[PDB]
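Asks: Given the structure of chain A, go ahead and fit chain B onto it with the hints provided.
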Amino acid sequence: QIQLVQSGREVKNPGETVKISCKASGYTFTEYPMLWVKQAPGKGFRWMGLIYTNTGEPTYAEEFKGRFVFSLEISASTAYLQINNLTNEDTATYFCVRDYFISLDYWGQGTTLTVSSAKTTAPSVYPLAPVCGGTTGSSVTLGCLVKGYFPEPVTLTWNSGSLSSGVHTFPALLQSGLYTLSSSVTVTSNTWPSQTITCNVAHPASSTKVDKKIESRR
Amino acid sequence: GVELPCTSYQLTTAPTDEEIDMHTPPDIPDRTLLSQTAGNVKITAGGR
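In order, the protein sequence lines correspond to chains A and B.
Per the numbering used here, the first sequence starts with residue 249, numbered consecutively.
Per the numbering used here, the second sequence starts with residue 1253, numbered consecutively.
Next comes chain B alone, as it looks inside the complex:
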């Protein structure tokens, strides 16, 4: 009914118009490598 001129949102190999960033590199809470000890804590390798 029409070929209306409009925006073709890019689906090609668009490598460099967008920039996925990271500044102040990773900051969040996750401490799941804890192990059991009393005063000298017996932790292992694990978690993050």
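Isolated chain A (complex conformation):
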């Protein structure tokens, strides 16, 4: 099946490169079209080109091909589009397509990255249990956040899959050159406070990702 599996989100270094890896498999790396995609902050999925993959070429576009330059070893569907030669006016979303009948026949996942070469740190996991007052509802509502990881994208990884049920994250707040975002960890009334409701935040420049349970507050 058409799995143009892109990379995740990004805080892309100005002057550097960032290789959003399009593992474009099941759809075309090794036989079919890998449709290289720049991604607009307004513009949407813009042309970085495309390539029917029976021979093995990627093709470039006018606005996304260029600073974003992509390579392709299509045998595993392997390829990587580098949003590269970074500027503050270079960041956007990114994507691919898995083609058939030269418009695309399957759609690949992509990854959104904002061009910013700034402070580079790993995320802080800000955990939290519910209120000490109240808890007159169905369950316990708490949080796990990606806070204090400058810059983003700071992920929400939650409790080894236990705080991946109910743990709905929001984006990282981009302020002051730092990411601080929260996620509602919902622990059930059967689950919490007998168990937790816990999320965590992730960052590569410190190489950390803190997962915190929604603990007993008292």
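Certain hints may be false.
Okay, derived cross-link-like pairs now, BS3-like style, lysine-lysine, Cα gap no bigger than 30 Å in a straight line [stated by the list, open to error]:
1. 271/A x 1294/B
2. 1294/B x 367/A
3. 291/A x 271/A
To be clear, the hints were calculated from the coordinates, so they are not data collected in a lab.
Replies: Structure of chain B alone, referenced to chain A:
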């Protein structure tokens, strides 16, 4: 000044002294009927 004897290169209905030939019939590169597809290529009628 003269009527010099020479070659009159033939301008009549010369049907069969010359033979325009073709052996190893047509061989050259021209593939302009290509169409767009990914893996099952969506080509049309056209080109050559």
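Asks: Run every hint past the structure and note whether it holds.
Replies: Hints, verified against the model:
1. Our distance criterion of 30 Å between C-alpha atoms is met by residue 271/A and residue 1294/B, whose separation comes to about 24 Å.
2. Between residue 1294/B and residue 367/A, the direct Cα distance comes to roughly 49 Å. Violation of the 30 Å bound is thereby established for this hinted pair.
3. A hinted pair counts as satisfied when its Cα atoms are at most 30 Å apart, and residue 291/A with residue 271/A qualifies at roughly 24 Å.
Hint 2 from the list above is the single one not met by this structure.
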